[PDB]
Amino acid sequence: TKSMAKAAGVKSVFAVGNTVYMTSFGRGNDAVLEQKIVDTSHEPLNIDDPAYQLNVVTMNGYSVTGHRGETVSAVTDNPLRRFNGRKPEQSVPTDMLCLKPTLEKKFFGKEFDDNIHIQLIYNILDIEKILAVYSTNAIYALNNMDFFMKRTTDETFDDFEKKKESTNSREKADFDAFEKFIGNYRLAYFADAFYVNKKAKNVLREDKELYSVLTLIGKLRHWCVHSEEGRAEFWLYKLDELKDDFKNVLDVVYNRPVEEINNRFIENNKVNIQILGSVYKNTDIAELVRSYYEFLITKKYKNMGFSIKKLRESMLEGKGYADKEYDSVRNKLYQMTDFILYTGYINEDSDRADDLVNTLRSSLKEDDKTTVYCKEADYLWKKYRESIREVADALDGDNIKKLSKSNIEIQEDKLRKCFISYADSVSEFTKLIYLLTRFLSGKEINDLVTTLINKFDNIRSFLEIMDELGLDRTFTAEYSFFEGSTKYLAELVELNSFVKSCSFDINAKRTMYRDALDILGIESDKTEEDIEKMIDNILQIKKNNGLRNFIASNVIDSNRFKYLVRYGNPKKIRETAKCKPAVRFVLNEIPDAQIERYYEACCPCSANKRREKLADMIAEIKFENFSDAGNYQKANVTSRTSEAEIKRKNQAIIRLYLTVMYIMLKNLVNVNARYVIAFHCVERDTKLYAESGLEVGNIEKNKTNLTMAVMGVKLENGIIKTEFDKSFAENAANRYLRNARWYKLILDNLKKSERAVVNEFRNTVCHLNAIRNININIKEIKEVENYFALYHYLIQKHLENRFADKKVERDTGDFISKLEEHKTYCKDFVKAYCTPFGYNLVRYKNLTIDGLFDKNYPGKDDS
């Protein structure tokens, strides 16, 4: 399944002039040089400790055999022969868009006869892609509830507040909209950016810097998503030119987590440090703290080259720590067991690790990789056994009371040089994305930073290569941001420590308790006068608050609820849970082992029988079922009573209602996140082809103005009077549409599109108006087979409700008509408005055709 070349230690194969070079795997993403090649003449490089020897060489292929771990012998192809097999016969390749020179011409100053510079640039374009996604999901959480879109840094608050007294209609409404923003309750969900702790309490920031926050991410969107022809295209890459109003707020928010961690570190982590001093009698306590700091905070147990937990999961599988006795003590155990291994492999077992890394690289099946983890595990279990049970028997409740109530004094002399830098040292770029992440979910943060560290590390490893070979590495004066890529990399690794750890929660307000019951269900006949009394009994205007805690612990403190209110609007959500099919599609994707865990709690005999009873249990759910919570809140969930058995029964139902509906809204906005990428790349590629001598035109009026110019076709009077021919395909403007089949099919689809529906298709995906109004659009559908179908029903029904009183054509009305007969998405209508990116073909196919969309749920092509 996996490539034999990269198991033998081959990393890449570069082309320079007539010469050909070759690389190999080093430390992580470091690049080690190996044999160069000139027409069957190979000079070896790195004579000391080579990874693989090439045994046979020729013009069209390079054989190899590896020296590390599992010996693998493989084959490798020549770049210079690419596109030259059966037809000058040796020349550098070019990208499938035929756009290599203009990119080299822009970042760097000149064209090169290499392929090393272009592998670099396609990683720079991949961070603007990922930055173009999450900046859009951020603004939507603010915009959900024109102001946000036209927004820049040259308008400081002293200049913006002048528009209060303005006589103009726009400037007056622009400011009056700002006051309507800060005068909203929903900012409590964004407390990390909008609140500060200061008798003492937690309140909003000064009104000056709230503007500075949203102004700063508001241009991030308008920059990433657009081309920005002018001198503002270098905004993100020139952040040292900002006003002082923006730099200061970044420092204020970047320094509040570190001061929560490293101000007092010994006292809140006082338990684990004591429980370790017991096993490592011989070690000096001061350096142990240094290790436990850089283990826990900096996560240096996640850059080792292998996975510590997969070893952990295999060694203590059936050793008796999976009981319910070890539930609260569990994370205390895994934090330490992962440390005992980390200090093992760092100092004494360093050689046993390098063997593991060079083994997993040279593994061609997953059954091999899974075995070696289980091989090394039994060695670890017989070695680290008494130290483990010496930990578990120390975590027995009462012992933690004594260890938390105890006096200790330890020198921070060693530790204070491993601390995290404050905001005064790090750059504005790393501080910017931190601010951004505080408008996002959990799984979205990791995908952002984890993607960026790889793309900078990949950018690094090419720059050192081109130093070793004597090439022009100097960026142009405007893209000098990347010459310090070694710096911005490490800043992001520090950021991956505490971006996910610290979250500052607010004491719940009244309005949250209304959103908590609206999402959960309110009876029909109840009026506005009555619901404000329902919570008046919750908040007790003797005082019993057992119900206030139920609605705060099981609902508000859930990471699920914190997501649904950001991207949703809670009353739209309960109205959406009345779609039994979609709700049932989310249940039958869950394993039956989870279902039998939920069911046995919520019931007091097959899978699909249980799965129906959980559906209709969701469709009937109300706050009034939980108004009796004052009686059983105080009960402990683990005891054996009636209140406890009732309590967990009432808990899991909420945990199921929210968990199910977290998944639906998550997959749909992630599916939405792949089309914003597509319209980014359309305005990206348009300026590039236009610079290459081609003539496209304007695109904000017609999004199909590019892919026609790629073909060489046009419309004369609103439509295409040109027919199919092969002179166009062979004479296309990129390597994709040189083929005559997909040239033809896109032309067929493209002649039945229209200009108006496409320009609306952008404003529906880039603004997320499709799931902003989800219940209106998802009223009735027969079935749900995948999240691709569902999203493509909504965005079609959003266009029916938009094009209901307007002019349309025969092709559009025939598609909308097939949307009413069959209550689902018209497959031939997906690929009409999804035409504007046909100049890229494998993108067009993956987004228009199920089975090719998601790499985890594969299918079949159309043919």
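Residue numbers count along the first chain shown, from 1. Just so we're on the same page, rigid core means the largest C-alpha set that superposes within 1.5 Å between forms. What changes on going to the form deposited in another entry:
One rigid block turns against another between the two forms, and the hinge that joins them sits at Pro257, chosen from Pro257, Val671, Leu242, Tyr434. Hinge angle between the two forms, smaller rigid part versus larger, from C-alpha superposition: 27 degrees.
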Second form
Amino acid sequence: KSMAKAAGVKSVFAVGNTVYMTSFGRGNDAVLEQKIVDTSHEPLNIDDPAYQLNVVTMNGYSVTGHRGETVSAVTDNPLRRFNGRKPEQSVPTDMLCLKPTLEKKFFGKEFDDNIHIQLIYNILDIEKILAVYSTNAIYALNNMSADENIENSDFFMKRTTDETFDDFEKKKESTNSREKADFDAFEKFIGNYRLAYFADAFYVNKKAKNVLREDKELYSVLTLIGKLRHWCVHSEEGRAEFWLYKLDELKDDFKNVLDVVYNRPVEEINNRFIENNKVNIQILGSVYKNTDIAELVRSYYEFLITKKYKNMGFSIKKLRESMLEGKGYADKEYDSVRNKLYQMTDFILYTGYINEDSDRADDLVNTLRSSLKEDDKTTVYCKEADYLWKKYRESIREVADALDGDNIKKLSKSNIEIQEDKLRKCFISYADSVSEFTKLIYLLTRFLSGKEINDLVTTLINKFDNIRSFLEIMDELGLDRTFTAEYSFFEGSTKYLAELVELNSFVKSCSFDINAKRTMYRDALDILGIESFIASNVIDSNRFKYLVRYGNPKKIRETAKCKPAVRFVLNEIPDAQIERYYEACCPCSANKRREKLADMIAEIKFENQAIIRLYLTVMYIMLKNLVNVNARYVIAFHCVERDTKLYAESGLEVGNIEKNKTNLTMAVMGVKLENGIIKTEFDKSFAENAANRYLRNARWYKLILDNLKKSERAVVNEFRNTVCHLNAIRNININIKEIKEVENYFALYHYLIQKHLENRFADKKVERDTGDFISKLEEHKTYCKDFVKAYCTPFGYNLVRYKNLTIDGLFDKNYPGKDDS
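Provide the structure of the form deposited in another entry, given the form deposited in one PDB entry shown above.
If you are looking for partners or other molecules, they are not here, because only the chain is given.
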């Protein structure tokens, strides 16, 4: 987008009165080129200048890079920020005017630079991205007890990693009713039949059958996630602030359960790596009659699992496809062992390429990089494939004829006695040499879907890589960086980055218990509305697996009867897919086809039936999107809970936060609540004394003040409780009963929230504005665009977040829209 980024300007920093500029290095690193003080620059990195300064002035800098095509761009001097037309230049502050307090929190003192603030913001992003997935996981585990649904202070809410299971059992005989209820809730949870849906966490094999873990292990696994959620979404006090970063100091039981949970996939991958692929290696060694067997298994492990030496610069799969084309191996007879044949051929190609065919690989990579046209690309691929086939014709023939039918049985029954000394060097690390943070993260992802698992892992690696790059460039300048005593967890950022990269290689979705199949047939029976085939068809479906985890089957069955909701969601379906779906089971235009398909979906009944796939697909996508929309407000509430304490440390009289969470935006504005109402009216003088730069502008200050008078503490409290507990989705079958016409997922989610709020506040007196909002909601049969900004006011101090979270069209990145007024 920006021409400055294209020109190669990575970042612009300002320390003291001197300004440094960085450019992109190898990977995600950084390096200094230009330093400018008092419009006078001295070059650095003489060996390879990414860009050069055409002209220098106090206003800005002129650069022309060589990253790609010669592109000229102009960058702005950060020292002149906030000091325009308004001794008149200084290091820029934070938009929230909360920089010195954060710098004092994570470091000894203020550093008067603009790098540490970026590092702190990147650190905060870790908690910000952990909150959403932690609350999603805790919702997934809380989905149990669906039949006897109740809403109160839940068992998972009050879980802390202070008392072990030894002390927890003491509540069994205690006369205290409050603790008796908690212990009974835990006992009821431990006997739930649906626990098998997370067999990768609560189940362990025992000589062999999968069996339920011991009680203390289960309690530890539950309470770890519970405490993680409570710490990340709430605000701690005392020594519990630094729980995640002083994770090294738990009790023994949690360490043991983390070790046993994380070790099982490693044992299944590494310990029996020989046995799983024995039929392949035993013939590969025959093919390589003059190589070391230990080196061969080492190379096979490197290729198949870690892919450490892969990515040489061409698709080996395409090379194999072009090499085998036109030969007899495409025939149907070899289809039984076809996958093993491709694996052997690919490994042979790789091994030949890494050892001897190095110059050829380099030439192929250079030729691929030098050209752009696809015709030349495929011609070069075929040219290399012909030579490769000519060289390797005999070996693949040897592999193919040695992998026929009963010969595999003879291969399997025989034993093998390889030496494991050379192989263990490249083994992935066991649980004995793995940090607690990665173990806890892995335990967290046992309750997430594939998309969520990938997003979490990738964002974590990206953030840690950014932290490492900032640490390195901080080292380059020569300033102090050493963290405080209680925040030393980030000192070894490189170790955690490499560890997470290793973890990402083998992380997979949680496997499902074999014995749970009986429960599947009854649950899938109810999700199709067949009350007192399907098991063979839809149980294995991934949509069913990701729908049963995050939703009550009965509520999902009931919520599909709402015709407009189903009608809207299938609009995003590509034309070809729905066109195929329609004529598949129905026996003139796209819109009527969609409407008829939605009507057929709504009235699904039983007593050619390929319609089931579309129903599960649409249920899965709409539920996932509704969950994702709610995830944003969890982030906002977590940010509020952090910012109230940060501002209190800053010196502002924020006051109590839990009783009324509008206190944050009230303290920033300089207005104080009096006798239940905001007495003061708007005045321009109040804008100049805003606690942060966001509320300095008069118009948005007045808008926030006007909207604040229509907010109520009880409504905001209930909205907060609904957001954290996800009660809007948990009671979808009632809150979506009488919708008329939805226009986007934002509107659907907010209508759900409105209906929930109206349902609960039906028997309590309320002030006039809320009554007017309720009257508007019921008559229009759609979400009100004023209540949405009325109860979203606690995030008012962050004006940008306010606008994004209350204006339809500014909320979704993929669906831009117009702005009001």
